[PDB]
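Novice: Residues per chain, in single letters:
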Amino acid sequence: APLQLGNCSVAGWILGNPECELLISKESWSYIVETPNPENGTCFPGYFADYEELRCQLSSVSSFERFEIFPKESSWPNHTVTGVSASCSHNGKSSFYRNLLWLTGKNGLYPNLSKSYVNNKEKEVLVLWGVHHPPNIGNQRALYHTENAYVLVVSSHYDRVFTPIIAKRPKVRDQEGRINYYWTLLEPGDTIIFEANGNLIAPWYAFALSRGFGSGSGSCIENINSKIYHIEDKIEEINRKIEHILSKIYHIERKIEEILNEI
Amino acid sequence: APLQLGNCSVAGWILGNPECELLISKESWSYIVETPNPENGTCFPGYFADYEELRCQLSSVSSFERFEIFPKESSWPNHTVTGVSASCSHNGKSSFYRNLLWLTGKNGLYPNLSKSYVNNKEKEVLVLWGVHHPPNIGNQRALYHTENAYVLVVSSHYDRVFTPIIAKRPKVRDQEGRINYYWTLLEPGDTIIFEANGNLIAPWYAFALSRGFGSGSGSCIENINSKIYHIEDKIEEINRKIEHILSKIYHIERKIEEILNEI
Amino acid sequence: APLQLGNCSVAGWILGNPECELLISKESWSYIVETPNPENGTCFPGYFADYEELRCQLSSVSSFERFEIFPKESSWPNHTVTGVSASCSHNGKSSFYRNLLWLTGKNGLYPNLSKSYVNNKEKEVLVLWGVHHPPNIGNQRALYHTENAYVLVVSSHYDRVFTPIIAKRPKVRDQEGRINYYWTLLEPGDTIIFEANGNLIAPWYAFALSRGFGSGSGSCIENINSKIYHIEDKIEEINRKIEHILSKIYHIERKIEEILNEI
Ligand SMILES: *[C@@H]1O[C@H](CO)[C@@H](O)[C@H](O)[C@H]1NC(C)=O
Ligand SMILES: *[C@@H]1O[C@H](CO)[C@@H](O)[C@H](O)[C@H]1NC(C)=O
Ligand SMILES: *[C@@H]1O[C@H](CO)[C@@H](O)[C@H](O)[C@H]1NC(C)=O
Ligand SMILES: *[C@@H]1O[C@H](CO)[C@@H](O)[C@H](O)[C@H]1NC(C)=O
Ligand SMILES: *[C@@H]1O[C@H](CO)[C@@H](O)[C@H](O)[C@H]1NC(C)=O
Ligand SMILES: *[C@@H]1O[C@H](CO)[C@@H](O)[C@H](O)[C@H]1NC(C)=O
Ligand SMILES: *[C@@H]1O[C@H](CO)[C@@H](O)[C@H](O)[C@H]1NC(C)=O
Ligand SMILES: *[C@@H]1O[C@H](CO)[C@@H](O)[C@H](O)[C@H]1NC(C)=O
Ligand SMILES: *[C@@H]1O[C@H](CO)[C@@H](O)[C@H](O)[C@H]1NC(C)=O
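Residue numbers (my numbering), protein chains in the order written: chain A, 1 to 263; chain B, 1 to 263; chain C, 1 to 263.
No wet-lab data here; the hints were simulated from the structure.
Be a bit skeptical, because a hint or two may be false.
[Said to hold, decoys possible] Straight line, CA to CA, 20 angstroms or less: simulated SDA-like cross-link-like pairs of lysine to any residue: (1) 248(A) to 256(C); (2) 234(A) to 238(B); (3) 123(B) to 157(B); (4) 248(C) to 245(A); (5) 255(A) to 246(C).
[Said to hold, decoys possible] A partial selection of chain B residues facing chain C, derived with a Cβ cut-off under 8 angstroms: (6) 238; (7) 249; (8) 256.
Don't be surprised by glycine CBs; every beta carbon is placed ideally from N, CA and C.
Please model the entire structure based on the sequences and the hints provided.
Specialist: Written out as structure tokens, the structure reads:
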């Protein structure tokens with residue numbers, strides 16, 4: 001069960017790259033296949049935090065449900081949700097990652113938000129979000145009506161603050177700015193809180209994972225230790241087989257000595 | 001030598017969780033056993049930095065001495081050391097981690113401190129400390145008489161600055177705030193300096209480790225490479241045994257051909 | 001091909017420690033040998049970021065060219081480039097890392113710089129730079145004529161901001177201050193931009209690597225997974241050999257039963 005992934009990255013699949021037709025009735029898997037140099041991976045350029053840990057941790061998964069965490073129509077009543085660009089153009093139309101919503105202001109000044117979610121799925125929940133990094137102060141003002149903004153994310157067992165870095169970057173996918181991505185896991189009974197006054201790429205969809213019992217915490221360091229441990233056991237088994245055959249070879253030799261003794 | 005640890009985490013054992021009766025005349029070990037879902041692990045909720053590296057690095061230890069680094073009675077002459085709470089209640093009495101001291105103000109305004117320690121143990125020293133993160137600005141003022149504080153920690157080969165994040169978190173162990181934990185190692189001849197004007201969970205006890213020669217730097221990446229290297233050697237050994245028996249099987253066959261030739 | 005490295009660290013070799021005579025016509029290698037406790041490793045005390053990843057990632061390299069990225073004589077027309085100290089004294093003369101330039105002010109106030117490089121080598125480029133951390137505000141003013149400075153580094157796929165920490169550290173190599181080191185990799189077609197208004201240890205030389213096809217991304221987690229995978233294949237091979245010999249031992253026994261039956 002390597003999954004159906006084609007010329008996509010893991011990030012493209014979970015973020016919702018418009019070009020990855022992976023939104024099918026596919027549940028569990030034992031390994032994830034992805035293309036090292038994908039075409040449908042990155043949609044909008046930026047750094048994906050702890051990518052290696054996420055792709056490693058997700059290597060073994062049971063039930064895999066995609067569900068709404070902060071529904072587009074009701075979660076941000078007076079925010080702009082038409083956060084689209086040429087970067088994610090699909091069939092000629094401007095767009096964005098399906099599981100994310102890039103929020104901007106309208107009419108007046110971009111208001112600040114505070115939203116939360118409680119995990120009642122009896123599954124672990126993977127929440128993805130990002131941080132906007134404008135190429136120029138002019139856009140920081142145009143989008144959020146501010147020269148200063150922060151994003152605060154906390155949860156039962158998580159504390160992080162993000163700040164924007166405003167600078168012109170090398171042109172990538174025709175963009176001068178960047179969007180970085182971050183993620184956390186929630187256990188049943190936990191809560192996540194999002195507070196921001198600008199530059200927030202809000203979570204829309206989240207993944208509820210049963211995961212199963214094929215791993216521990218899921219940290220890549222544990223997954224690798226598991227493989228090594230497993231190998232060590234195979235080595236002891238073969239060592240026993242060696243002693244077994246050495247003994248038998250010994251006995252069979254003895255008879256060769258005797259059949260000879262008979263003549 | 002797996003150690004005597006019961007329903008405790010490594011963090012609970014080294015931080016001094018009141019419920020972990022591990023303070024006995026126990027020295028060296030070859031592996032640390034701990035409970036994946038402990039009851040006496042976390043005392044006061046928060047994030048433990050580089051936990052995986054610390055538990056991995058400590059997997060092999062020689063002499064293990066617990067000693068005072070900054071004695072409660074003399075290290076902070078005009079600070080409040082009665083830093084206790086319900087979170088660590090023991091036998092009905094409010095308390096805290098045994099190896100840590102949560103400092104607060106009194107009488108006037110919480111003064112700033114600057115303390116240092118020089119490693120003259122001829123052993124490597126593990127120093128644990130934490131950072132307070134109030135649920136509300138009201139408590140930041142009540143405890144340290146400030147709306148702004150920082151913690152600076154430097155050593156021969158370490159440079160880090162911590163800042164508080166003030167926010168209401170999901171309720172964990174009846175707390176709305178958090179305490180994060182950080183740690184460093186000192187070599188013989190080194191020095192550590194602690195500077196703070198608030199939100200410091202000061203070190204009280206520290207551990208002097210001889211460690212031994214069963215590892216290199218102790219980084220988990222090296223410990224795992226050591227295991228792999230060790231396996232590779234076992235593989236070469238068994239491969240030699242295979243060639244040995246193949247040769248002998250060949251010779252024994254030859255005689256089977258001849259004893260047959262005799263008849 | 002372990003390389004010619006003697007009593008040097010990897011950092012000393014790539015940073016350009018005056019005492020490491022490694023600047024010879026040496027190209028590719030299959031492993032890097034270094035001294036665990038070197039004399040010619042550290043030149044000026046400080047923390048080297050992601051050292052383990054860099055030494056691991058460079059374990060397998062093809063063509064290895066050292067070239068100028070920001071030539072000393074033309075890249076900073078009105079900056080001081082005589083950034084030398086006793087720490088790197090060579091043959092009695094004050095000096096510094098050969099591949100780095102420590103910039104300071106002169107005449108007037110230290111001006112701010114903005115420099116960039118585009119990778120047109122058809123190779124991946126390793127760029128090394130550092131950040132100055134004065135022991136005292138007095139030196140921050142004396143060197144850069146400021147009480148506040150920042151270093152901004154961005155690239156096609158990199159975003160980081162550094163700030164100075166001004167404090168007196170434990171004396172190491174006769175220094176009270178520190179210089180930290182950071183590094184990035186550029187792919188062909190990428191760009192790196194350096195912006196600073198003080199405390200910049202500028203890049204002078206950079207390394208153009210062909211790397212080869214003996215690894216993937218080069219992250220240490222992948223290099224280790226490769227070794228484990230390789231071992232697993234060896235195990236399957238030996239398991240087949242075991243079945244082979246067990247079958248043959250069986251047949252040879254049968255004849256031993258019959259030669260006996262003949263008598
Ligand atoms: C992936 O790219 C190859 C060409 O390199 C193409 O033939 C194939 O159809 C692509 N697959 C998908 C799912 O786009
Ligand atoms: C905007 O929506 C928030 C709820 O998300 C509400 O509290 C606030 O008063 C609204 N502001 C306006 C101008 O409607
Ligand atoms: C940010 O939140 C404050 C309340 O803490 C509110 O007064 C202010 O108007 C908000 N900012 C914007 C742009 O609405
Ligand atoms: C650990 O928990 C079990 C119950 O799950 C209990 O029987 C045992 O006594 C506990 N051990 C300690 C040291 O508390
Ligand atoms: C508080 O103690 C410090 C030493 O730790 C001392 O320097 C300072 O003067 C004392 N302040 C008062 C009011 O006693
Ligand atoms: C903090 O240190 C300064 C000296 O640098 C001192 O003047 C000030 O009073 C200290 N703060 C408090 C609350 O004592
Ligand atoms: C390394 O140190 C040893 C002494 O421990 C010395 O004999 C040797 O010549 C040194 N090698 C180099 C390259 O300095
Ligand atoms: C210093 O050099 C920069 C170019 O690196 C130039 O733009 C600036 O005008 C120069 N300043 C002076 C005073 O020459
Ligand atoms: C820093 O850059 C600004 C322009 O953005 C310039 O006006 C200022 O003089 C520079 N600082 C110094 C010390 O030259």
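Novice: Determine for every hint whether it applies to the structure shown.
Specialist: Each hint tested on the structure:
1. 248(A) to 256(C): Holds, at about 13 angstroms.
2. 234(A) to 238(B): Cα-Cα ~13 angstroms, so holds.
3. 123(B) to 157(B): holds, 16 angstroms
4. 248(C) to 245(A): Since the Cα atoms of residue 248(C) and residue 245(A) sit roughly 11 angstroms apart, the hinted pair holds (cutoff 20 angstroms).
5. 255(A) to 246(C): holds, 18 angstroms
6. 238: Holds, about 7 angstroms.
7. 249: At 6 angstroms from the nearest chain C Cβ, residue 249(B) passes the 8 angstroms test, so the hint holds.
8. 256: It holds, given that the least Cβ distance between residue 256(B) and chain C is near 5 angstroms, below 8 angstroms.
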